[PDB]
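Consider the single chain below, provided in structure tokens and representing the form solved without adenosine-5'-diphosphate.
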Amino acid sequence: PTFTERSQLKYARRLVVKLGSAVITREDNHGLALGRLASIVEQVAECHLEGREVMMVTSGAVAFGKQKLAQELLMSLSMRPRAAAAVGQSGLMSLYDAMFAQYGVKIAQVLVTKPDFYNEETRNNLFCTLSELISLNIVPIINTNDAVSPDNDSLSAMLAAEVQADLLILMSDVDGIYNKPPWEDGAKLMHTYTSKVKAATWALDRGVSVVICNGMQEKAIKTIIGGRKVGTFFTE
């Protein structure tokens, strides 16, 4: 890429957020934590009204479907996942629509899957779709196709690579990257950097400066864009 130090990260013109499946779902995998989700939608809409062109990759659509049913799964578990995923995708897109249009923005559910990034025709089609959507002041929300799926991070890295984004914020649960497992002497967190780690290395080789923050920390995106020593930063 071109970015080297965290001080430069105020000049990134195309973010790609990626809400991890452990940030937005409450501590059961049986709900949808509204606190962190509303905070992250607030930060993303505010950052998009600032002039950048964000593009979320929302994970965790099975949880909304599980909680929306909560009855037909119960009455069937005594007489007897993808169905929950489908129903949840629909309902979650509705809820995102509400909580985003509460800031003036519009959204547009784009559904892809990892095989769609391998053939050239589908890659061309998807890039054309995303560019026509970005040029219209819309925030695409790129979920994974649930009905053709056997933690959507490699997908986010590859998507940032194709669209060639400046940043790639990768929210998660762990505070960052340590030097050794936490149950050890010398758990020195490595802010800079000489699964998530592999995808970050990939996106680094493809011209993308990955950053791995902590989801539960208040005002995460607005902080990491500014330059505070938060999260993790991958660059030679």
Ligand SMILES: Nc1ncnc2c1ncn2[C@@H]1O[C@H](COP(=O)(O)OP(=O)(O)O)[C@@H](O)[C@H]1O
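For clarity, a rigid core is taken as the largest C-alpha set superposing within 1.5 Å between two forms. Positions refer to the first chain, counted from 1. First, how it differs from the form solved in complex with adenosine-5'-diphosphate.
Per-residue Cα shift between the two forms after core alignment stays below 2 Å for all of 43, 209, 67, 172 except 67.
Once the rigid core is overlaid between the two forms, residue 28 counts among the residues whose Cα shifts by 2 Å or more.
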Second form
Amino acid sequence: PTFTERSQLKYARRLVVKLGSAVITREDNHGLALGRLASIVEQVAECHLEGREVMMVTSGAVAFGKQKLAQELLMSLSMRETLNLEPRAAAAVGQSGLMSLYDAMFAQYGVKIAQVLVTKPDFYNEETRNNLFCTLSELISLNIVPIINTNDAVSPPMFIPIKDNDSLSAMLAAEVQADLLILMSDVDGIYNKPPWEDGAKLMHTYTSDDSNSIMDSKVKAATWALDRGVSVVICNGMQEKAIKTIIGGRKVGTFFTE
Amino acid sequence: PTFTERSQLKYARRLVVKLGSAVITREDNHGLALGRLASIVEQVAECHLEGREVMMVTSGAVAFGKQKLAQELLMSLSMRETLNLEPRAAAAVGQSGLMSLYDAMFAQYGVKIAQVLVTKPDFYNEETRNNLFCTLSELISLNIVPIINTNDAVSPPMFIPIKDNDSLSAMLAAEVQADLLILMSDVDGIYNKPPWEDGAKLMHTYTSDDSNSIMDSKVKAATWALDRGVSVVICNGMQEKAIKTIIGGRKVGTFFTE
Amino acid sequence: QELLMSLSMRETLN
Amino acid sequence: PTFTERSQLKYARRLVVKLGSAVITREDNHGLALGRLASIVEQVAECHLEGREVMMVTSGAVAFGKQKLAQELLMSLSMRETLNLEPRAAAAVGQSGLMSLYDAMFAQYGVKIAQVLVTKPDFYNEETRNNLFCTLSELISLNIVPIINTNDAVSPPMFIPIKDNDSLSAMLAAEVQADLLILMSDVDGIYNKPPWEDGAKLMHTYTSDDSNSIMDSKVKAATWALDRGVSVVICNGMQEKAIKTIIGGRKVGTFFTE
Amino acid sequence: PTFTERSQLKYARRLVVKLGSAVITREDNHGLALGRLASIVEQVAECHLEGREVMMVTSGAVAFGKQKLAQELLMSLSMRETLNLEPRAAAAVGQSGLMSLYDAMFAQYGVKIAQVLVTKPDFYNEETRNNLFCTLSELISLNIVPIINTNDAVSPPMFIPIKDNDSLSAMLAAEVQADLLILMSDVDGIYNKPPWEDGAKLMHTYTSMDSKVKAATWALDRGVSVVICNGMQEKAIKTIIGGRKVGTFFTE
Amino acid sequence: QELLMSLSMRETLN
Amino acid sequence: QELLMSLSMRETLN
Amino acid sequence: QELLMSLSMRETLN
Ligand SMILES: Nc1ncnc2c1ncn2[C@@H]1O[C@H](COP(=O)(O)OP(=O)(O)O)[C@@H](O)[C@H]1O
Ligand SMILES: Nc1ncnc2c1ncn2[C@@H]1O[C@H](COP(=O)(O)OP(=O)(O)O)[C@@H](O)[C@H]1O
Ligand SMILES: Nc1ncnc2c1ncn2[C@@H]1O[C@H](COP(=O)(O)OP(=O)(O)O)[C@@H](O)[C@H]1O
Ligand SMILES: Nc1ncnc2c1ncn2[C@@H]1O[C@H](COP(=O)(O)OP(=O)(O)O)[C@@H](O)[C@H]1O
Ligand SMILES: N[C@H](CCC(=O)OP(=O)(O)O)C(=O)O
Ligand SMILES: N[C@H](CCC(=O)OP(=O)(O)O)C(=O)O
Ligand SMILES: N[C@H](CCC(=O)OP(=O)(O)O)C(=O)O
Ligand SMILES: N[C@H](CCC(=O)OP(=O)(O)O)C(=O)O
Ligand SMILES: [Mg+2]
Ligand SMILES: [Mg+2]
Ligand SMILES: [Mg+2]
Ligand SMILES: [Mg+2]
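Given the form solved without adenosine-5'-diphosphate above, produce the structure of the same protein in the form solved in complex with adenosine-5'-diphosphate.
Now the complete complex, all chains and molecules, led by this one.
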């Protein structure tokens, strides 16, 4: 990799920021988390109006869609039934709503966005893969923030092997040859033992050799994308000013390096 | 088909409205045509808040994207070069912008929309085709207006055989078993000889037998979708209150019937 | 009543 | 005045377009008329990206607010009351919603808008009047479209004497010394006798002398603003491409001249 | 007042939240602070979808307008001048843009907003004052969040005496007889001596910034109970109403 | 029932 | 040149 | 000058 110590992340030229699905929707499931969402959009816009080339891999279209569909189903019962959810339709509604919200929040900063929707078979056809990466590079070189997500509406991938919106981010940030990969999960980082025990220390540096022997999807994707040149940082999405302090060099999250 | 004379279109229960690409962008190519776009959205919202089940097959993501990319490329030259476009990137930018605009215009009426993006191989896998149609029926039965379009960003179909956003509309409105199919082209209808000649009368009723023997893509898709039960009406998108007078029964456009 | 008690909760609000 | 014959309106440098309240809301009162609204915004944006200095005097905040308040009041009854509107609150809600919609529709063209809210006592204080006109001129000289309206929320003027949103437009377009004043009413123009009679011809040119001796608010405001230099054109807002054919020189509406 | 100890703020039925002008725009002045703005809108929407009656007194239309006008003025010079701001116009542009943003962010939660613009002479005419308060009460009783601000576009009041967007908030929350008044300034609270000294402790309870102190003491003598907090803190309203020790609490 | 029949039409939809 | 160097920075971008 | 004449038209507007 090109970055070994955390003090060098100031010169990260190409980012790939992966927004989890617990960083978008609230715990009570009564709308979006505009706090975290708008704070991440603000940090990405101020890291993209600074020269870097950010490229977000969003998630959480299914959860947002499930909320919208629950509302539209509750608003269609008879007055008699009141007095006493498919993943694909949810994905459709949620993707539309989420892209509209991103569009508004980003246009508040003069930044423009684009919506690229990939699938699982688009990463086996060499022609389609090369076309996709030419498209991504061309969009990035025009100061446009692409927002990649799997086409959950017509062919969800759940039903490196792309099995979620994390292996997709690792494959992406390894082919575009990004410099830094920030996985904004909902946990503070990576512990040695699960948090509900005695000895649940945070690991501020995942040393490749030993720590590999002794969140499994995130660890697998991060180790893969690390063996390919990228340097991966796993942080907590529910923290204030996370990207701006990861790139700043302060000790935040887990930093996957040699 | 179920509708033979034009006076019976008042009872059309399931619509499929196909917006051409010349009904969305202006002739000078300096933005959208908010006039025609908002008028069609208003007619669809007032035909969907009336009991019908509308389902739009939009187009013109590539043109809108080409405009946005021309701007973002002109705003990135050096001050020295000023003093003396890929289809896929254009498709990405345009799809995002168009869905955001539809979202705003429809939410002005309380209506909700969903964005389903299909491709050419999604119509050969029987599993994927059946899943897509279950999704569409489930979205329609919740009073949500799906907005179908081909995934031009990663696999454009240009490069019944689905070759454009017209054969797609015919296949769609024949499988969902829609009642009416309205193709909003940019020409007043269908003439016997091209308009720039002597004898360029409009055909207010395309009688199946003879007229088949004596816009070729639109005619082919319309005849196909007519042999399958649907009844197709080709109208002029640049006309004021087109859908509301087609369904009203007034003589507008060409009506493909037996 | 039995017509006001058999409308969808969307028609009632309109 | 500076324009005597309708063929000279191509060189109109400063416009003042007054949108009536019947050009904004529909006849059934179930939302806005996005057709007419978006078409007028499109014509104003394409007449303002051409060098002119447009300045809209909007109306219809009370009607839009009344719709929103009827909804929010119907959605707050008990389930028991269901089974068997102040002008000021309506004005507040409607003004907010209308400005948001204008903002979206105009930003679709790169144009920026500003919201100036005047009252009746702000036209008697010479200090406040001069400050208001300095503000308007400064906003116009930055290629920003101001949108003037009376502060109906806290002091409606209904309850030259400014008695509505028409005398306001005449006073405005006479003090800013505009070149053309377009009153987009809901009637085709000005007839000699009311339309529901025999002899209801349209007057394509309101000759000052005779026609004065033989809609009374609009006529009074137009004659006033005509005696002050401005030249007033009264057209029908429910017509397609009204501003672009008035400025084009075609015979549309009534043209108040000497 | 009705609330004396901080543990009773859970039952605050009527709020009046005053957003400062340093809680809206960033320090570098290159756009809004969507972080703080969206977090406050989220807290107000989740405190208004819970039964309370929130009513925001926004500010910072002039700063946002100044940014927009600087852009539109820089984008209008000749190519030759490039190679080598009135408060009223700024107020107009900023008010429009801010209301549009609030509208979007609130409609993301199903909440509706209304824009009431008052001035200095509208608080002397008894008829106009009574009409304004009837309007506010009627808007609140329909589950609509009014957003009050001074009409800076045509008559800025800078040029209890209403001299800013703080005395306005105190007068408002004293006439509507609100229960709690939250002034979201940009400082952590109220210190005994200025922060850049030795002894700059925070006062967690002001036993009975000069403008904020004057307006708060006034609105306290009238029944309202005022809490001054730091707008740049995460989840400020939800922890003030929760009862946790945050900011300064003006009580007897 | 008499608790489900005395809620505002807004609480029922939530 | 002296016509391209006397346009407003808005006309150049259009 | 030759530094003001070699910036992208986006940096000049900021
Ligand atoms: N070794 C571990 N270290 C950290 N978290 C763990 C570990 N094992 C399990 N977890 C839990 O697994 C969860 C992983 O969340 P994740 O699937 O990344 O959320 P999302 O996909 O919605 O962003 C965390 O909430 C965490 O509590
Ligand atoms: N026989 C015909 N009848 C009508 N139009 C025709 C015919 N032959 C050619 N045309 C022309 O072909 C064009 C077809 O436009 P079309 O491809 O439908 O536009 P879009 O795909 O952008 O909606 C029309 O503009 C029309 O002028
Ligand atoms: N002499 C006249 N000429 C034209 N219209 C008239 C005349 N007398 C009455 N009217 C009617 O008066 C109405 C005036 O509408 P108006 O008040 O301008 O609507 P708005 O204020 O909502 O834009 C028109 O609808 C028209 O039918
Ligand atoms: N005694 C004091 N206690 C706290 N802050 C003080 C005091 N005296 C001066 N200040 C300073 O005065 C400033 C007041 O800010 P303020 O005018 O409320 O901002 P705004 O009006 O933009 O919200 C604070 O930034 C603070 O640093
Ligand atoms: N189909 C993807 C699912 C992604 C997903 O849920 O996984 P996660 O991002 O939580 O690790 C989506 O659009 O939400
Ligand atoms: N890929 C599709 C192209 C559709 C198209 O251009 O054909 P048309 O709708 O003009 O007949 C799109 O999103 O624009
Ligand atoms: N207070 C103004 C009323 C204007 C009005 O209704 O008169 P009109 O524009 O119909 O002639 C408003 O905001 O609607
Ligand atoms: N005219 C008001 C100014 C209010 C103001 O700046 O004072 P502050 O809210 O910072 O204490 C506005 O719209 O910003
Ligand atoms: Mg995962
Ligand atoms: Mg075609
Ligand atoms: Mg009138
Ligand atoms: Mg102050």
